[PDB]
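Okay, here's what each chain looks like letter by letter:
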Amino acid sequence: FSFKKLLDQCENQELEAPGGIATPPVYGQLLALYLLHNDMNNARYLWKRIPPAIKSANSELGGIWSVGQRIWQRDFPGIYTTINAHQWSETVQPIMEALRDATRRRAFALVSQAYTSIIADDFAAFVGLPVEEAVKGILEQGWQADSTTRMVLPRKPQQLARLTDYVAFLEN
Amino acid sequence: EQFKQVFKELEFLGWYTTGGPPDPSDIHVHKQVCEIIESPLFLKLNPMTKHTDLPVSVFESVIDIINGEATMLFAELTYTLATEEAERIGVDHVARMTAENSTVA
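Protein sequence lines correspond, in order, to chains H and F. For the first sequence, the positions run 11 to 167, 195 to 209 when PDB author numbering is used. For the second sequence, the positions run 110 to 208, 213 to 218 when PDB author numbering is used.
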């Protein structure tokens with residue numbers, strides 16, 4: 011889709027540079043994209059790839075890296091707290107919130123799988139939404155919750198040619 | 110005389126030839142075969158059939174009543190598909206089995 015072409019554009023931008031170092035905005039955009047796709051190894055390697063002088067010159071790189079450390083340790087509740095600490099540039103204003111949504115979905119998976127019963131406070135910390143998302147669990151999704159115990163209960167959700202190829206390979 | 114001592118209840122019935130339609134050569138050969146038995150059969154096998162008539166066919170000589178030089182006609186007769194259980198099972202087995214043609218083909 012368009013995401014593939016956008017990634018191709020970033021690959022082109024990274025491929026050639028005046029001296030192997032690109033502009034700080036595109037470096038921050040690449041680091042944010044690496045954080046978005048959960049490709050954290052390339053994210054940290056890009057972070058150490060940045061020269062120390064330009065790294066210390068701008069604090070936006072520091073904030074992006076702090077978000078990267080927060081997501082590296084899988085500290086879900088603190089990801090939203092850290093992502094809101096700083097203000098991002100305008101050209102990446104709407105997409106970074108989208109990244110938050112992505113993390114949202116990630117947390118949802120980590121609750122739907124690997125949790126038969128989850129404490130309401132821990133569930134709210136993982137998803138980030140304080141109390142209202144719990145409602146979305148029962149009314150919309152279809153779970154069954156109960157009060158006075160705060161125990162959320164997640165619920166776990195062309196060939197003939199191939200065979201001819203196999204026989205042709207095996208017979209010869 | 111050689112085969113009569115192996116097949117007791119099997120006597121002469123007719124002659125077979127591979128080819129196209131019944132031609133004057135076929136009737137010429139039948140004119141000699143007919144001196145052995147009263148009505149020899151003819152069994153034509155045509156592997157190159159692309160027409161309405163069946164590739165294999167059975168013919169019988171019919172003495173026409175036309176006056177003068179009466180050339181006997183060759184009338185086609187139908188055949189049945191009678192087969193014993195044992196021989197049918199045998200050909201079924203030989204058809205089930207297979208095998213420079215490709216096996217998948």
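No wet-lab data here; the hints were simulated from the structure. Hints may contain errors.
Partial chain F-side listing against chain H, Cβ under 8 Å, derived [claimed, not checked]:
#1 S215
#2 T216
#3 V217
What follows is a list of derived Cβ distance ranges for each label pair [claimed, not checked]:
#4 H/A205 to F/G199: 41 to 49 Å
#5 F/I198 to H/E208: 27 to 35 Å
#6 H/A205 to F/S148: 48 to 56 Å
By construction, the Cβ of each residue, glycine as well, lies at the ideal position given by its N, Cα and C atoms.
Handout entry: Structure versus earlier hints, numbers of those that do not hold, lowest first
Key = 4
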